[PDB]
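Shown below, as structure tokens, is a lone chain in the form deposited in one PDB entry; questions about how it binds or moves come after it.
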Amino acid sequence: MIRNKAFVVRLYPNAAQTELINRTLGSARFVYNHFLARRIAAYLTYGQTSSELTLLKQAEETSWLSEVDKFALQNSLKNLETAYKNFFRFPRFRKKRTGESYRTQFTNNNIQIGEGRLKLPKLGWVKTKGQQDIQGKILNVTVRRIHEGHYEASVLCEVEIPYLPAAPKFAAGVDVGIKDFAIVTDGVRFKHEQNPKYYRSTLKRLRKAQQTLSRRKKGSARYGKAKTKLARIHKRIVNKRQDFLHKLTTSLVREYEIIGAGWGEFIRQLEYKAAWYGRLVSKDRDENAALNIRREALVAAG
């Protein structure tokens, strides 16, 4: 019943509270590159990297590392350790991107949920919009920068999600459609889920944005504006796709107890919402393909 959910709330920090977010993202990237260089030159362990980070915080040259939140740097070091272990079971550096995130752990109520505000360790009260009601213990907050004027805080909480009631239909055969995104079928009626509106149009706008960026000189101010616009259109495409898939998968979970482009997001959302709401997933051409998928999935399940 207790599920880990990420109440992504749009942050609206002031000038100081966003300067600090920038200086913490840069610091988490810096303490990543520095210790990656140290690890590469070594051929360090968790204790060694923690001690060297503490010395850097006390170092005169890099004293500003202690200004940013400590949990961001600790989790940056943890991510570096995991990446190094995966490469051993020497990854590339971290490049300054538009979309960069840091996460802060929870300790002695350093992070608190306000009405239209969010409390963060070095930031104070950060104004938020669309604060979905939270009734669980905060685990960590992934303060991020989608692009220049867009910040978010994936407040990971342990909120007890309740299982949904009994479902009207027993299965929903879904398969990748040619024209439609997918065709669902309870078994008799073929509800063809058409692709979300203005999806080819927004892909065309994405191509125009990519062409505009490639026409500009890197490191320029107008190049920065075009890069931000490309990031905005990427975020808009992600929002449209994820909203289409959220609505489709919630409709599938509510309407059907079983659910037999962006298909990766579709499958991820379907699986985690099936786990959350108490469902199961078994993992003429379109209609017959969907019917066969439904029949085989139901046979495998039972």
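What we label the rigid core is the largest C-alpha set whose atoms superpose within 1.5 Å from one form to the other. Numbering follows the first chain given and starts at 1. First, how it differs from the form deposited in another entry.
The residue that stands out in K191, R232, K208, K169 is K208, the single one whose Cα moves by 2 angstroms or more between the two forms on a rigid core fit. In this overlay on the rigid core, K217 has a C-alpha that sits 2 Å or more away from its partner position between the two forms. With the core superposed, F71 shows a C-alpha displacement below 2 Å between the two forms. Once both forms are fitted on their core, a CA shift of 2 Å or more is seen for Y84 between the two forms.
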Second form
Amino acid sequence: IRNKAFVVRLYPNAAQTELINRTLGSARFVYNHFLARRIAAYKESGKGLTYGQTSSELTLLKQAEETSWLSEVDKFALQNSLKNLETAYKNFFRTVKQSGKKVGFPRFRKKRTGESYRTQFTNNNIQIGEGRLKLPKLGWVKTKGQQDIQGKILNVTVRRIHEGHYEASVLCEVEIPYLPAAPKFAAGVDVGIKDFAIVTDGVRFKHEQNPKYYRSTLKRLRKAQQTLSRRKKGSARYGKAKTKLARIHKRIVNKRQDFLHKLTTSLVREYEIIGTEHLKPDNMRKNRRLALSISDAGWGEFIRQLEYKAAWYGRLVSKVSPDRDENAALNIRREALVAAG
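Mind sharing the form deposited in another entry? What's above is the form deposited in one PDB entry.
A single chain, with no partners or molecules, comes next.
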């Protein structure tokens, strides 16, 4: 019924790691090259290249001797790089006429650390099993964390998070059954820096303690960043410290995402209606006094997870249009009930 991405962890060997690195590099190369080519074409001509023209020129590029060493890369990687470039342009053109928010012009990119390429599924090109994954030009890659999949595999996003930590997101149109009737009809949740969530239905208020990971591991993060900054760019030990900092950040985000997953799933399995307010953290983060706390708390991710898991599992999130915490939570529940009825 629903799209769903099963994120597993790859353990590619030397050759497969080299090929994943080469594929990410060539995907970035074609992204930059065709952004430059489209800009040059729109400057020289009345209109720039569209998706089909870019694909045809990419084919001519691969078949040519100028960059024939890009043919040894998975085709869907380059094609979806071009698709991402074209959807960048589509996002830019979404609301140029509108003035509510300016979507920035698509720019270049210069060797970030998180490089992901997508590969599509054509007549059994992706095969998921007990402990392996089937990728087009890689072959069999030893995975772990392989969940239970009972749907058709749409695409596989091969990622890279550290110098030696590769994930892979396998998308499938799985059937997601609606959960049984919830124990309680409706409840409202109030966010907060001191207490992460105060959720109540009028009879109890199981306040959820705020972990505040980012401030909690702020000293080790500061030490990691400082050890990085004393190191020369383009150095092996610079790369080592960079990976250390990246993994510290990955641990922080992992803990935050696990906490948010557990809390959102608990709410959706406990209440039929989960009322909350449409807080805009990107506006509050301009206040440097509370910005670090709002960044760490991640209200936006919490609300996104609550809402989409409600959509999957047959729950309704009645977001409100834009003591203290307890009364705010009760008012949120009342407003959600009013909106629903």
